[PDB]
Amino acid sequence: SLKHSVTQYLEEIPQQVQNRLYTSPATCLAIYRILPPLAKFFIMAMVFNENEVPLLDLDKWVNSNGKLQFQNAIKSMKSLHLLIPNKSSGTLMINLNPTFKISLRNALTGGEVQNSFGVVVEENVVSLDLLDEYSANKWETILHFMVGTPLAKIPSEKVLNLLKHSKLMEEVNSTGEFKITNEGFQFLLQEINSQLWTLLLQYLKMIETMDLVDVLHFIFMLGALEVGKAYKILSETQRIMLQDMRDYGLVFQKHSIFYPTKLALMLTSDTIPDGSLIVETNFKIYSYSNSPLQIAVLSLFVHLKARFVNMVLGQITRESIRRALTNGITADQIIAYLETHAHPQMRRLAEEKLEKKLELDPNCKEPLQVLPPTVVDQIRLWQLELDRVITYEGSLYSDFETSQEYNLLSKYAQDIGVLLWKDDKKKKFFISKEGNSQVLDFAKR
Amino acid sequence: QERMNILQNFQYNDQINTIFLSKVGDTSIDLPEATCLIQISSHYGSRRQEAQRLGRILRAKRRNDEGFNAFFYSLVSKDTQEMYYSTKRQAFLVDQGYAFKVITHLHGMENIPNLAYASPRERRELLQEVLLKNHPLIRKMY
Ligand SMILES: [Mg+2]
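Chains 2 and 7, in that order, are what the protein sequence lines are.
Those letters in the first sequence? Residues 5 to 213, 216 to 239, 242 to 263, 267 to 282, 334 to 507, per the entry's author numbering, in order.
Those letters in the second sequence? Residues 634 to 767, 830 to 837, per the entry's author numbering, in order.
Chain 2 on its own, in the form it takes in the complex:
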């Protein structure tokens, strides 16, 4: 979903803006890496030759087996308008974007680049002691405040404004508090790479009147930078943007020179476990984690009982599950968290159980469930308990002069999908509040 999410955003941007977005090679070298392998293969072929190549020539390269991949590669390449289709002389000729072409040639052959990758002050700092600490703490603060755990130093209004304005962490003044939502637990369930892209993507949409291309000239360029080194200071919009980026633990500033951090390189490309936990049939939890982030997120749906330096022990209860569900966390996500953070011991025992099942009868292949099924069933049953009472807001229609009229109005409600219940014997039906006005208006006509 990582490359899909970034690519999807880059597709919606109008063509007139994409042409301007390729002026800086730093961005071109980043957009090039996100395309499918076949797309990169063809792009590299066209970059160095100043000619036009018919599409049929590209088709000839692909073998019969990989014909399907040739469809996705060309579609994704055309969506970003990198590849311009020009038809003339009865042939659908294919050419590469001149601005994209020049930028890539400059990047590979070391041509004039207009400081697209930045400069170096040659005043290095210690990466392990400061950069790792600074962004880890800065990224820790935003996630802790996200999870709802109490914390001393709350983040600045910039990210706070972004958090609320996003679907993440719904807030209400009447409630006076902030709580996580369905997408919120999903966000906390995503790897660091996607966890960072969600916030940056939301920031891109939030800004208004600061150019959209400049905010991308910085993020993609920020990937080109290497951790543990200085970069002297650029566009005017990139100054306030740089300070704004400083609140998400991406770039560290002593107070003239800014330093990217581990997360900065974590944006471009990819790259016992801490967080692994054991769940027993007694609805107990023992998490082999020493990190306040993991403990806080566990507290969303776990009743913590005590802690040691090496592990945390708690108990699953109806109160905790109800507390999580009320916030919009689905039971499917909870079991996903438990399964993907399972201890090796659970996996080994589950594998042995599967082996014995297949040993007696190898006909059927039962699914490999790492954690006991009773806990999953109980959690789902508690979700059903929340879903017991069903209520809709709407109106009841009655006292119809004629069966024809009752069927006419009720059938219309069914057609537009606003009918919730009907009874032919009583000539009554109930429709949702959303569709009331449409049904009333149709009744008059």
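Please keep in mind that the hints were generated in silico from the structure rather than gathered at the bench.
All C-beta atoms, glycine included, are put in the ideal place defined by N, C-alpha and C.
Among the hints, erroneous ones may be present.
Stated by the list, open to error - No more than 30 Å apart at the CA atoms, straight line, and that leaves these computed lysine-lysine pairs for DSS-like:
| no. | chain 1 | residue 1 | chain 2 | residue 2 |
| --- | --- | --- | --- | --- |
| 1 | 2 | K7 | 2 | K162 |
| 2 | 2 | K238 | 2 | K162 |
| 3 | 2 | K346 | 7 | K711 |
| 4 | 2 | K105 | 2 | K142 |
| 5 | 2 | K346 | 7 | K721 |
| 6 | 2 | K209 | 2 | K142 |
| 7 | 2 | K71 | 2 | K82 |
| 8 | 2 | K484 | 2 | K473 |
| 9 | 2 | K415 | 7 | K734 |
| 10 | 2 | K162 | 2 | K235 |
| 11 | 2 | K418 | 7 | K734 |
| 12 | 2 | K488 | 2 | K473 |
| 13 | 7 | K734 | 2 | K346 |
| 14 | 7 | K694 | 2 | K418 |
| 15 | 2 | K262 | 2 | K142 |
| 16 | 2 | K415 | 7 | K694 |
| 17 | 2 | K489 | 2 | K506 |
| 18 | 2 | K171 | 2 | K7 |
| 19 | 2 | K91 | 2 | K105 |
| 20 | 7 | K734 | 7 | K656 |
| 21 | 2 | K346 | 2 | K427 |
| 22 | 2 | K506 | 2 | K487 |
| 23 | 2 | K419 | 7 | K734 |
| 24 | 7 | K721 | 2 | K367 |
| 25 | 2 | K44 | 2 | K91 |
| 26 | 2 | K346 | 2 | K209 |
| 27 | 2 | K419 | 7 | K835 |
| 28 | 2 | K367 | 7 | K734 |
| 29 | 2 | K427 | 7 | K711 |
| 30 | 2 | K171 | 2 | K157 |
| 31 | 2 | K495 | 2 | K183 |
| 32 | 2 | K44 | 2 | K105 |
| 33 | 2 | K346 | 2 | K367 |
| 34 | 2 | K273 | 2 | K183 |
| 35 | 2 | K427 | 2 | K489 |
| 36 | 2 | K44 | 2 | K64 |
Stated by the list, open to error - The calculated label-pair distances, taken between Cβ atoms and stated as ranges, are:
| no. | chain 1 | residue 1 | chain 2 | residue 2 | range |
| --- | --- | --- | --- | --- | --- |
| 37 | 2 | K488 | 7 | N702 | 47 to 55 Å |
| 38 | 2 | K367 | 7 | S674 | 34 to 42 Å |
| 39 | 7 | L760 | 2 | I478 | 23 to 31 Å |
| 40 | 2 | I478 | 7 | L708 | 53 to 61 Å |
Based on the hints, put chain 7 with the ligand in the right spot on chain 2.
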């Protein structure tokens, strides 16, 4: 004697495969042949009675043949105080390590030919039946 005769018959008689015990057989009765176990009533929240009752099938003779698993069913009415006692009367077996599995529906239960109280008439009759539950010479003269 009669209960002893019933016990022996249940053990060795192939026709009598099932019996209906009560609180007397809750503990200290050995049936090496019993493998399955059901309970329809219970003595409130006592956790021990559940374990003692389960003990009747924990010594099943064929407890070593490949894949064998004894069974212990607990029929409880939903939305009633029985669930309060059921979740409370199995707190000891959970500590030992046993895990209870929730069965909402028995597959293939509808196609059985005849089921008790399938018609509303019988259900109504049973409802009222259970509801209503609450001179030596003068010797010749007689
Ligand atoms: Mg004994």
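A quick look at each hint next to the structure:
{"no.": "1", "hint": "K7 (chain 2) - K162 (chain 2)", "in the structure": "26 Å, holds"}
{"no.": "2", "hint": "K238 (chain 2) - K162 (chain 2)", "in the structure": "25 Å, holds"}
{"no.": "3", "hint": "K346 (chain 2) - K711 (chain 7)", "in the structure": "26 Å, holds"}
{"no.": "4", "hint": "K105 (chain 2) - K142 (chain 2)", "in the structure": "39 Å, violated"}
{"no.": "5", "hint": "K346 (chain 2) - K721 (chain 7)", "in the structure": "17 Å, holds"}
{"no.": "6", "hint": "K209 (chain 2) - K142 (chain 2)", "in the structure": "23 Å, holds"}
{"no.": "7", "hint": "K71 (chain 2) - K82 (chain 2)", "in the structure": "17 Å, holds"}
{"no.": "8", "hint": "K484 (chain 2) - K473 (chain 2)", "in the structure": "10 Å, holds"}
{"no.": "9", "hint": "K415 (chain 2) - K734 (chain 7)", "in the structure": "17 Å, holds"}
{"no.": "10", "hint": "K162 (chain 2) - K235 (chain 2)", "in the structure": "27 Å, holds"}
{"no.": "11", "hint": "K418 (chain 2) - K734 (chain 7)", "in the structure": "20 Å, holds"}
{"no.": "12", "hint": "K488 (chain 2) - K473 (chain 2)", "in the structure": "15 Å, holds"}
{"no.": "13", "hint": "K734 (chain 7) - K346 (chain 2)", "in the structure": "17 Å, holds"}
{"no.": "14", "hint": "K694 (chain 7) - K418 (chain 2)", "in the structure": "22 Å, holds"}
{"no.": "15", "hint": "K262 (chain 2) - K142 (chain 2)", "in the structure": "14 Å, holds"}
{"no.": "16", "hint": "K415 (chain 2) - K694 (chain 7)", "in the structure": "24 Å, holds"}
{"no.": "17", "hint": "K489 (chain 2) - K506 (chain 2)", "in the structure": "18 Å, holds"}
{"no.": "18", "hint": "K171 (chain 2) - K7 (chain 2)", "in the structure": "21 Å, holds"}
{"no.": "19", "hint": "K91 (chain 2) - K105 (chain 2)", "in the structure": "20 Å, holds"}
{"no.": "20", "hint": "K734 (chain 7) - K656 (chain 7)", "in the structure": "24 Å, holds"}
{"no.": "21", "hint": "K346 (chain 2) - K427 (chain 2)", "in the structure": "29 Å, holds"}
{"no.": "22", "hint": "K506 (chain 2) - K487 (chain 2)", "in the structure": "24 Å, holds"}
{"no.": "23", "hint": "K419 (chain 2) - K734 (chain 7)", "in the structure": "19 Å, holds"}
{"no.": "24", "hint": "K721 (chain 7) - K367 (chain 2)", "in the structure": "21 Å, holds"}
{"no.": "25", "hint": "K44 (chain 2) - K91 (chain 2)", "in the structure": "23 Å, holds"}
{"no.": "26", "hint": "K346 (chain 2) - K209 (chain 2)", "in the structure": "42 Å, violated"}
{"no.": "27", "hint": "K419 (chain 2) - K835 (chain 7)", "in the structure": "82 Å, violated"}
{"no.": "28", "hint": "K367 (chain 2) - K734 (chain 7)", "in the structure": "26 Å, holds"}
{"no.": "29", "hint": "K427 (chain 2) - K711 (chain 7)", "in the structure": "34 Å, violated"}
{"no.": "30", "hint": "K171 (chain 2) - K157 (chain 2)", "in the structure": "23 Å, holds"}
{"no.": "31", "hint": "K495 (chain 2) - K183 (chain 2)", "in the structure": "28 Å, holds"}
{"no.": "32", "hint": "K44 (chain 2) - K105 (chain 2)", "in the structure": "13 Å, holds"}
{"no.": "33", "hint": "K346 (chain 2) - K367 (chain 2)", "in the structure": "10 Å, holds"}
{"no.": "34", "hint": "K273 (chain 2) - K183 (chain 2)", "in the structure": "29 Å, holds"}
{"no.": "35", "hint": "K427 (chain 2) - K489 (chain 2)", "in the structure": "52 Å, violated"}
{"no.": "36", "hint": "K44 (chain 2) - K64 (chain 2)", "in the structure": "16 Å, holds"}
{"no.": "37", "hint": "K488 (chain 2) - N702 (chain 7): 47 to 55 Å", "in the structure": "52 Å, holds"}
{"no.": "38", "hint": "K367 (chain 2) - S674 (chain 7): 34 to 42 Å", "in the structure": "35 Å, holds"}
{"no.": "39", "hint": "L760 (chain 7) - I478 (chain 2): 23 to 31 Å", "in the structure": "45 Å, violated"}
{"no.": "40", "hint": "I478 (chain 2) - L708 (chain 7): 53 to 61 Å", "in the structure": "46 Å, violated"}
Hints 4, 26, 27, 29, 35, 39, 40 from the list above are not met by this structure, while the remaining hints are.
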